Amino acid sequence: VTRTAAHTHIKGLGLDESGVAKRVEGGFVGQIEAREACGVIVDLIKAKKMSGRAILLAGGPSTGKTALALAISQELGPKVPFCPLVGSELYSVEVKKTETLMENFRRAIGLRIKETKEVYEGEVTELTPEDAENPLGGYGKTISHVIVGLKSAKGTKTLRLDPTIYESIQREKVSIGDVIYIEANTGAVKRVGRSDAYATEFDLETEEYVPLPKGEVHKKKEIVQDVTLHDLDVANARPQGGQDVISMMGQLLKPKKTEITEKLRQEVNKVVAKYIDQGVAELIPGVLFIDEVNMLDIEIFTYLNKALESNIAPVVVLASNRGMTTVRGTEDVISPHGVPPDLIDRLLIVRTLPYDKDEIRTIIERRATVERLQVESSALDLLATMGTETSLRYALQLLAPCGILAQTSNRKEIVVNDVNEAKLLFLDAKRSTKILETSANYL
Amino acid sequence: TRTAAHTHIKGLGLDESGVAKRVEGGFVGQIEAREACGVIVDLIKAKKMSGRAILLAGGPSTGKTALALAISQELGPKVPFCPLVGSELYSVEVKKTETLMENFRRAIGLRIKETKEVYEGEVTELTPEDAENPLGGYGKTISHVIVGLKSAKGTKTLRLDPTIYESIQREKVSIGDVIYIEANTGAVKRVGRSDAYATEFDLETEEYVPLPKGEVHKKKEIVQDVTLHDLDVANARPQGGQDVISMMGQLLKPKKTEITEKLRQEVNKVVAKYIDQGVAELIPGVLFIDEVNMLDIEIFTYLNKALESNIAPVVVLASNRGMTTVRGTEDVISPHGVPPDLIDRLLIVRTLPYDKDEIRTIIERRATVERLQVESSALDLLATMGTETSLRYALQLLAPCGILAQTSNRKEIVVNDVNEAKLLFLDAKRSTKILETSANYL
Amino acid sequence: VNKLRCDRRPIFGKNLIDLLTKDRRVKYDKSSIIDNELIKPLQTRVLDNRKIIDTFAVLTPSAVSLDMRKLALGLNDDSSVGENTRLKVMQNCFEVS
Amino acid sequence: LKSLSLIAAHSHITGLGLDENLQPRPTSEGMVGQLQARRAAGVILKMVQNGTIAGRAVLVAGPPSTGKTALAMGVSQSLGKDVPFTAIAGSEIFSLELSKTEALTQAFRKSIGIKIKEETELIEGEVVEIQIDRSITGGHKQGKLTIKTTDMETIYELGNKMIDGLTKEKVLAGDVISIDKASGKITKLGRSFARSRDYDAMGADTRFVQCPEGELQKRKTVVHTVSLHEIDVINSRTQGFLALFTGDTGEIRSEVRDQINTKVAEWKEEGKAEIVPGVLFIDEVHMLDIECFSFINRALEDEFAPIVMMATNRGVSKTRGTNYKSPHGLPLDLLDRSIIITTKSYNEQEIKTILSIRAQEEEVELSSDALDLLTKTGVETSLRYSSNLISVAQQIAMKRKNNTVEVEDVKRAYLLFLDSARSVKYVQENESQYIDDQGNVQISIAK
Amino acid sequence: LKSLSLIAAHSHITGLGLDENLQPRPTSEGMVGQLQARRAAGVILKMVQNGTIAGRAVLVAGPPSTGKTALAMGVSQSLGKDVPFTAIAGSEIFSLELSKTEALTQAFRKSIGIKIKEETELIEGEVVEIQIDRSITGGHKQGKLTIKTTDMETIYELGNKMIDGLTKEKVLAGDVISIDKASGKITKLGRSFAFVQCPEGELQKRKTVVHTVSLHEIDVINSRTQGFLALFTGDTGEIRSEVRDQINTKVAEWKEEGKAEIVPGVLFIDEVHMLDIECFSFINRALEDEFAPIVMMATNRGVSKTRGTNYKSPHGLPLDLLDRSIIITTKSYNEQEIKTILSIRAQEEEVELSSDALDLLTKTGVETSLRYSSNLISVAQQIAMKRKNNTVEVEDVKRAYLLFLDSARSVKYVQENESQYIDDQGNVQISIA
Amino acid sequence: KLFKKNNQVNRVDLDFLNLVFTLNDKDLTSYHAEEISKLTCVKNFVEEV
Ligand SMILES: Nc1ncnc2c1ncn2[C@@H]1O[C@H](COP(=O)(O)OP(=O)(O)O)[C@@H](O)[C@H]1O
Ligand SMILES: Nc1ncnc2c1ncn2[C@@H]1O[C@H](COP(=O)(O)OP(=O)(O)O)[C@@H](O)[C@H]1O
Ligand SMILES: Nc1ncnc2c1ncn2[C@@H]1O[C@H](COP(=O)(O)OP(=O)(O)O)[C@@H](O)[C@H]1O
Ligand SMILES: Nc1ncnc2c1ncn2[C@@H]1O[C@H](COP(=O)(O)OP(=O)(O)O)[C@@H](O)[C@H]1O
Ligand SMILES: [Mg+2]
Ligand SMILES: [Mg+2]
Ligand SMILES: [Mg+2]
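Protein chains in written order, with the deposited numbering: chain F, 21 to 463; chain H, 22 to 463; chain U, 1125 to 1221; chain Z, 14 to 460; chain G, 14 to 207, 221 to 459; chain X, 1027 to 1075.
No wet-lab data here; the hints were simulated from the structure. Every residue, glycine too, gets a C-beta built ideally from N, C-alpha and C. Hints are supplied without guarantee of correctness; some may be wrong.
[Said to hold, decoys possible] Selected chain U positions facing chain Z (in silico; Cβ < 8 angstroms):
#, residue
1, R1129
2, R1132
3, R1133
4, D1147
This is chain F alone, in the form it adopts within the complex:
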């Protein structure tokens, strides 16, 4: 039913109006400084003014960095765009990593628009060229356009169309007495089917019979549709696809994505700035979250140096789980967190705190209540000792097989013999290394 995969127990940071973080609130136990400081970052994204700010989250495993990343991603809400990203994913062979990095910086930002469109629908009566029966010399009158007389329920109107939308009308195989759907601004054509008046013409027909559309012929509505600025950049970069041959071959010719020049982004945010000068759109920043920053190359780091000096780069949150190590792409450079010291100078470090035995007991406890399993107190103390002996992820990993053995033993609660059977059937890290220390022929 409800799928839980190392998450969905956190509904945000859970801070008060004064700022002081609670001990037990919102799937979090302990970690006051990273949650309250993370809420300061949440308000910093809610400022809609700041840019170029980079805050990395550094700590050990099982400490809550990615859980804090889902806490800020859940605390921001669906109206603020969130872009999950891993530093291992930025390597590309079609284009450089620079285009994917700056492109992701254009992926973090959002921009909501409002626009009205016209809706036409009705039953097709006549498909015929125009006359205006004076010849005027210019034509034995036509160049081949078609007046489409759409018969709606509440009205009957005739309209003149382009040869391209008429070509899609020829594509839909419509005839006299078929209900169509035609959009004015876009030009897309959808057929609903044959009208209900011609259902008695034949006894069996593959074309379904739809009723006449109610309402007028011309309809208008307004949408508050949101669309990211990178989606406008791909819309400004390459042709996507159309219903004609020239648009589909325009897609088919060069569909391979290329690098984008700066002047194209200047025209995109030029007409976007014209849309915000008209009062139509509203610019809102976002979040680019990069996982495993120590896996990045030195070229992406040095382009991050100039990229954080750029304007549109929003509040970017990083996550690095190392220390004084060698940077990838460098031989002798030793720097903290795998980050060069110039990028670390413009970075902000939020130190993560570990958890005690009772806090491991509340992690296993609240994870057990979210997992909807019933654990006895003796097995809870045993899973607390395994939480303080092997790891946190081994106890949270062994929450489910104890319930599985409880299901096979028909028990509704986790017992001592079930978690000891989980100790016998499944082994941790140190037992695996201790077993693999004794080898006959590379055991």
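Chain F is fixed; fit chains H, U, Z, G and X with the ligands onto it per the hints.
The following block gives chains H, U, Z, G and X with the ligands in isolation, referenced to the frame of chain F:
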């Protein structure tokens, strides 16, 4: 007059006996490379030698590329010179082998002489032919057009092909328009409406040109030179015409491909037929390759068999390294970045450095070519900077001292101007000495 | 219609189309030579080598799947493309040799 | 003005800001301080504006927070239009599909442009009526329309292509055209008033302003600017134009470069095409390969060689590609043929002046005490941290619903946003928390 | 005739120059000295001329200035026409679009050719008059012309394609044609009176035409249709082996039917020392195939480390390659043979030399090298030519010696000037004091 | 067809907003575009309104 590290050398400047002067032709010192370079100049003037490779090895600011412009200026405009860099031979359309052997076909030249016919005149009639028979007939054409060209000194009618008639239809000519038609080539150029129809309309976009003087048929001979590689591209791919079939022949496959040996065999076969008729004359040339140490081992190994080939002329190389690793090889250590088999068929001309007084004459003669006036104290100071920082830093600082002289309204370079050039501009060792002290990677 | 034409009209070419034909048209004339007889271009190297092609092409791709040629381009009786894309494409293919 | 301009670190710097005698003012055009660097950069500016010399390389060095990239930004901003400026990165030349040497040659061809001009005719005038004539079976259209202006009104008969462009672009009697004779395309610029109310839903071709003056047929000159790299990939092959847009070019044959060099020199000798010597700027040139170093050592001596400005940003270390630690991070063959400009640190007053002009650029009203404390924490930590604390201080002030920035916002922004050295002390105090070099980490609290 | 021939280092060597008993002469056909190498190379020459055996590899080794590449050039020059000879480099197989193994297989398919013959008919004779007949509206041309020779004069009626080729290509009554029936194309050879034409013989004659095509061409042609465009443009590579196997059975069936006869060619690889171990094991398999040409190798390096491994294998090649191959070695030359080689280079370069200039040039050829003297003979005629005499004097050889320096002399100059030249660590004294 | 659900409610066309102008050098010049975009009027439909 634009001067960019050159144009002060008008050749090697050797005597008829061979002995090189000390100060002659923008050169000071360097007797062995100039006189030996003149032996190479006569070796190109032999028109018999081929496969000879002479590399110029030396340090920076010693005069290897200046000697390359000295041999390129000493040969003259009649001898073709092909400047080339070893970094430029890398290509992804074709291999580096095709560009290397293609450049070996670019060095050679071949001058031709040919006569062409020139037709011009005012168009009178554009009409198909009718006329008679030895055995009776009545209905008559496949659509050719007799073009009656009315010149000044003569009136003649000529029959043309449908392709040149199609270009005549392209030029939108009519009755009474001056055209230009070439017989052997078939190209059509319109000069304009003749001056007799200038009074037909008061305003017209077509300009009014006078009638061409002279006869209808004209002939002349040209001593036009054209390189053998230009004949190879002319033998390789279609270039472009005025018809649809020629323009689509260009548009279909314009991407350049590798050339087979049999095509070059037919090219120099009919070229050898042209030299058997006494029409053309074969003259070798020079392929000069810059930065030979940047070449791959494949271009070196194709240079081994390419120097064993016949048409490879006197090729001059320039390498500025020593016992280094060859590009494309891991453990091979060889002098000049050149493999020892290619270095065995190579000839090394050692370059000599220059003293303090020779640096003073380089700055002196470069200052006279640069048309700047330098005082003796600033000349000795630029001599000490020539013997302290580099030669290229003093020759690089010849111009800002004259700029500061222009801002200070002075006509001569003074001590404070070159010391201000020392304060505003820094050399290599001051830049390294400053960058040695770093707070956060200065 | 006022906002429609106000949104319609600023369609700026990023450089020009006269920038494309300005820097492509050569000031040099035609100047035909024995150049044109010297070529034997590649698509007529297909035509002139008809005997070597007719004598030396023997082997056949003995395994094939029928109606894969129609599906590889997307033109069949049912696809995501429209109805006269396959017709106009099959006609422009039907004319081009 | 409508180059896209939000608030950048390099947005306030507009022009070098020098006098006619090249002595720099203290406060001029966004640049405060660095008198010798701005004067020498003005010598480079008049070196590009002179254009009589070429093949010269310059280097701008110095410690961080000095603005060598801001100095080159001031040179590029004071350079003006119609001169090409190429700003590439030092690690940008490393590519898999393209070699580093041929990409560096591509930048050296991108830096220099060519101006080519020609003259075309234009007929602009108001349409009175349109009367075309075709046939119901045959074809062969015969167009006639009337063109009118203030002092001319004549009827123009049209050809086949005029009715081809006249029917594949919708036009009316009220609509006004401007026709080029050489191009053959029609510019439907404006309308009178006549035909708008014919259809409820119409086509896509409606255009109205027109109120014209002047003569009917006028001839004006058009000038196009094109760099040498564009001519290189265009004369490479036909699909080099598709590689010019898609970026799938690389490794061009040098016969295009040599014959294009002789063709450009012949265009200079004939007087047809004039060229503009542009500036090549390379950022972060310290981590460059030795092959590109020797390639610059050859390519600086070519004839068509633009002025190269370099910004070596690192210190003395080991060059990539070799084992020895060369000084400056560059070999001496590069630094021998180049001039070096160095920058120095700033005073306490110049940081307050730079934060004041960043307050003028960001449109932020600051108090005196917040500028003094922000100047003190800008002297103590860095320039960039204060240059971002001025941004967030207006927003901690904005949450209190006043535009005035108080000292409490700067103190809160100081205790919230930590410096690098403070968290270096926190990292060295918490080394058991952070993961070490050997991967060891204490993720627990008690032993 | 008229293979393009300027003055090469390998231009004077024309043929191996051996007798009927295979004992080499001292001076014969441009090759002087190396009696055992030329005799063993003559055994290889009659090994290719025999053609009854295949799948054999040979190696020619020796010090520099011995002419192992010149010996293989003498084998290729004495091989004659109609036999394919492939001369590739050792570093030529390294490619990015093509694998090294498939490029080596491409060379192994390039070495062996196939002769296929057929018979065609030809009608050559002088045209008297041409009388075509068409219609102004309908079409359907009906051509008639008269063909004449010394003993035959007849009128030939023409079809549609004869008037298609007769109107595509301009021809007159005076112009004379030669028509092939199977090809259908017209050869407008000569013209009558104002051309060449002056014909004899019968009107219709049948002659045989023979075409030579290598197996690599059939491989890329039978790969796909655009393998012909890849045959000219060179964008081929990595062909499927079903074309090679079915082409091998088709070639064997053509040999069994007697239709197509093949010519065993020679494969020559230059600078084979820096080759990959994968190509070494690929040669170790490919030498045992049925259609395997005779391979001649020229190992030019010494004992060093092979590329691809860490150990220093002897000869620069693994022993699996040298086990299945024969090795010919060359020795150094005497003092008289350098003077003889410079004399025959004087005969090849058309340079008249004096006796004392040949003696001093022989001495500086013994002291330094062969190649330096072989270029000093070229420049000595031009130092002589600046004095406007064709005779070469000793002053030109001494001036050419003091101007053009040897490698060891400038090695002494480099070791004396190590402060001037840049060192291994990049240090260089660009100043004086 | 499962992803040919109703998109045009929540889709912008993005071809009407003059943002596919990378295809505008195929059939439009420079002075055609400047002379065509200098001339777009308000104050005539304002007159008829
Ligand atoms: N303070 C906390 N409250 C609740 N769960 C936590 C806390 N800290 C860590 N966890 C749990 O530990 C698991 C692993 O931590 P994670 O954030 O993945 O570490 P890392 O970021 O080093 O990979 C997460 O699934 C999370 O549910
Ligand atoms: N004879 C000369 N007179 C004056 N200047 C010279 C002379 N020879 C060389 N130079 C100077 O040397 C520079 C060219 O050095 P070059 O020899 O090309 O270096 P490299 O040896 O590294 O190729 C030019 O700037 C030129 O001013
Ligand atoms: N004239 C100046 N005065 C004070 N600070 C400056 C000046 N110019 C630049 N800066 C500071 O330096 C920053 C840029 O530093 P940068 O040149 O990128 O250092 P690096 O190149 O070492 O990374 C700017 O954001 C600005 O805050
Ligand atoms: N037997 C020979 N007869 C004539 N010339 C020879 C002979 N052997 C070698 N040579 C000369 O040696 C040169 C070729 O040397 P080469 O074989 O390239 O040296 P390596 O064996 O080091 O590759 C040619 O110029 C040729 O004149
Ligand atoms: Mg040089
Ligand atoms: Mg920087
Ligand atoms: Mg050899």
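Hints versus structure:
| no. | hint | in the structure |
| --- | --- | --- |
| 1 | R1129 | holds, 5 angstroms |
| 2 | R1132 | holds, 7 angstroms |
| 3 | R1133 | holds, 6 angstroms |
| 4 | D1147 | holds, 5 angstroms |
When each numbered hint is compared with the structure, no violation occurs for any of them.
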